[PDB]
Amino acid sequence: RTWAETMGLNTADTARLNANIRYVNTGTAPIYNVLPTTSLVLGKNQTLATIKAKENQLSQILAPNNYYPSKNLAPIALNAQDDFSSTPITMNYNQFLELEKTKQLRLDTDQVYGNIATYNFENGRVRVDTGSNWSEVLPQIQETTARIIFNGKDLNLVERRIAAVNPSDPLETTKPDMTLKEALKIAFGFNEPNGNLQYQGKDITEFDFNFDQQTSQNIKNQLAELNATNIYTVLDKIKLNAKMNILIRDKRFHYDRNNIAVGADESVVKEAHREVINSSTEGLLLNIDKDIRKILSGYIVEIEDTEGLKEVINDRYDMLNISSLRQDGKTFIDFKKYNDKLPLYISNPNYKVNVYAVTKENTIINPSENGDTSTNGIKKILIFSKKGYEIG
Amino acid sequence: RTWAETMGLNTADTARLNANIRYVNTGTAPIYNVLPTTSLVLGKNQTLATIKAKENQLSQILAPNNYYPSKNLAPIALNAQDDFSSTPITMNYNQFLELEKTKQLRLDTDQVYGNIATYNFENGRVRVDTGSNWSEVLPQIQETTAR
Amino acid sequence: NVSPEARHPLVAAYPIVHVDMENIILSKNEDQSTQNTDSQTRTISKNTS
Amino acid sequence: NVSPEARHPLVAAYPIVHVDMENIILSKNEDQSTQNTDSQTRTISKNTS
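Protein chains in written order, with full-length UniProt numbering: chain D, 373 to 764; chain V, 373 to 519; chain Z, 275 to 323; chain H, 275 to 323.
Among the hints, erroneous ones may be present.
As the list claims (entries may be wrong) - Simulated pairs of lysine-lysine, PhoX-like, Cα-Cα distance not exceeding 25 Å:
hint: 1; chain 1: D; residue 1: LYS424; chain 2: Z; residue 2: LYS302
hint: 2; chain 1: D; residue 1: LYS702; chain 2: D; residue 2: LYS713
hint: 3; chain 1: D; residue 1: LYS759; chain 2: D; residue 2: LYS724
hint: 4; chain 1: V; residue 1: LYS473; chain 2: H; residue 2: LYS302
hint: 5; chain 1: D; residue 1: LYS732; chain 2: D; residue 2: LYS662
hint: 6; chain 1: Z; residue 1: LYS302; chain 2: H; residue 2: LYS302
hint: 7; chain 1: D; residue 1: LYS416; chain 2: H; residue 2: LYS302
hint: 8; chain 1: D; residue 1: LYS525; chain 2: D; residue 2: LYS666
hint: 9; chain 1: D; residue 1: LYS609; chain 2: D; residue 2: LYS574
hint: 10; chain 1: Z; residue 1: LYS302; chain 2: D; residue 2: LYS473
hint: 11; chain 1: Z; residue 1: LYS302; chain 2: D; residue 2: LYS416
hint: 12; chain 1: D; residue 1: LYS758; chain 2: D; residue 2: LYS708
hint: 13; chain 1: D; residue 1: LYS615; chain 2: V; residue 2: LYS443
hint: 14; chain 1: D; residue 1: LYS702; chain 2: D; residue 2: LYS662
hint: 15; chain 1: V; residue 1: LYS443; chain 2: D; residue 2: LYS475
hint: 16; chain 1: D; residue 1: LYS416; chain 2: V; residue 2: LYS443
hint: 17; chain 1: Z; residue 1: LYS302; chain 2: D; residue 2: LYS475
It is worth saying that the hints were derived from the structure and are not from the lab.
Chain D on its own, in the form it takes in the complex:
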């Protein structure tokens, strides 16, 4: 009686890839019959395959601020390379070993095909012209317009483009003159309810202006010729031109080089938790600013003694998760999440509770280089300290 077992392989076809993707439109106009070209990169810049989307991955319409498939649905699969979706995306033995070791595989977006839908004047219907596409149009928008990026609404980058005058082109000098103030008014929704530019009750001086080099050289010459120094006084005397890039950010925060706010300065870090809803050893409801709500990683729970002593519960990297989102906008950070479902056993009501914060400019994912899996490599801010007999 025998018993055998065989296991073959082929070192050019060892594994097959299936990728779950989702399309986003964040512009100002819809795009029809969408087909993105996209490439799967392994490691630094070693491309496995480049796949124009087949007929299975076609989005018929992507209206702005929408998704395909919509966010309550599972993503679509991109798993073929043949023009008829019959041949998979494959990888050899060395790429498979490197992917299993280092786990680095990302997805680039090289371009997007898509059609335009125009108004038919006879019956009023809107019809998709399948000859014209958006690749013949956007390079004419990008060469005649100034660009302004702005994150004064939910700290999200919103990009607009405003038709400004190029002075060395006869057709482009026929457009109307564009100031920076009128561009801010008609592009985003700034107004002057008393005489001062405001974005929903926030003054213009609460934002700062960062330009590109050519744009900053132009703005500097405009300020020299105006005999002015502050840009905030001559906002209706700054002429925009084509191919400008202006970036307007909220002045409080610190940003990385993708312009994402991750950390504020310490005074407004402390000034965010003034009115308090729930204060018990069971939980903590709190009214926090929505702007500073998302920039922080998580809070730490410990108890301040009279002698001087703290009882660090969140002394690790894993459970710096603290939040639990409720339907009122206020998260309830209830303290039986990492405590074997127990309250804070304060043994003496002459004690104080103590809550410190972690921001993402000091948050780490790995442990330290030695054996430190603690909060020894982070920097914290003081927020919450009351006395211990009004807690219960």
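Starting from the structure of chain D, add chains V, Z and H where the hints point.
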């Protein structure tokens, strides 16, 4: 109690190639729907394959002084020879041994297909005519001009 | 579907599409096989020495 | 996108496209297979002489 172990090969399909390429326009006019024909040369002048770019490798617009894909993105893969991108590029056993020994493989650029986009007087738009390419135009530029 | 701020003549209207990847599913193309065998025999023999 | 120098009637506007190779990835097509097996037997020789 036995343990066996097998290898296999085929001396006309011993290895498959996958080139990472990136186009660049250094002219003064854009070119649309770009599809270069290109050639993989092993060693001195021995050519393994000539591949017109398929539909996965097409650039929709290549403006002057720009790359495709732009230089914060990884290059694109050219790994198929069939018209529908369902057949890999292939070298035999002697070519594979010589490429592993000497490591000489370059990429010639024989020609480039691409379209022209013309102004439309009635509504100001700019429309790519897919019936006229730049190879009807550019030999007329080359014969009446000075470089 | 054109957003209302882009109904001005001086604000452009254009889409900004980008793909993002939520999951990668790799599947190791490998073929395996088992086998069981029984074998009986019976021999009779004789010599004249 | 026609560059400013070529907005003159006497300067030609044409593209100069050129492809350059950044990386070459060869993958040796070769199939390999392993096999493990083990077997037991029992013979009962009843013999007369």
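Holds or violated: D:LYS732 to D:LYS662, with C-alpha atoms at most 25 Å apart: Holds, at roughly 16 Å.
Holds or violated: D:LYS759 to D:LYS724, with C-alpha atoms at most 25 Å apart: 5 Å, holds
Given pair status - Z:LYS302, D:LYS424, alpha carbons within 25 Å: Holds: D:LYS424 and Z:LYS302 sit about 24 Å apart, inside 25 Å.
25 Å Cα cutoff - pair Z:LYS302, D:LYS416: With a Cα-Cα distance of about 23 Å, the restraint between Z:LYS302 and D:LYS416 holds, given a limit of 25 Å.
Satisfaction of hint between H:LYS302 and D:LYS416, Cα-Cα up to 25 Å: Holds - the C-alpha atoms of H:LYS302 and D:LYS416 are around 22 Å apart, at most 25 Å.
Holds or violated: Z:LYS302 to D:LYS475, with C-alpha atoms at most 25 Å apart: Judged against 25 Å, a Cα distance of about 15 Å means the pair holds.
Given pair status - D:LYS708, D:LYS758, alpha carbons within 25 Å: 20 Å, holds
Given pair status - D:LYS475, V:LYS443, alpha carbons within 25 Å: Between V:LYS443 and D:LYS475 the Cα gap is close to 23 Å, so the pair holds against 25 Å.
Distance restraint between Z:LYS302 and D:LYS473, which requires alpha-carbon spacing of 25 Å or less: Holds, at roughly 15 Å.
Straight-line alpha-carbon gap V:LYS473 to H:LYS302, limit 25 Å: 15 Å, holds
Restraint check for D:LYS416 with V:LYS443, where alpha carbons must lie at most 25 Å apart: OK: D:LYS416 and V:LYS443 at ~13 Å, within 25 Å.
Pair hint outcome, D:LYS525 versus D:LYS666 [Cα-Cα no greater than 25 Å]: Satisfied, since the Cα-Cα distance of roughly 13 Å is no more than 25 Å.
Violated hints: none; the structure is consistent with every hint.
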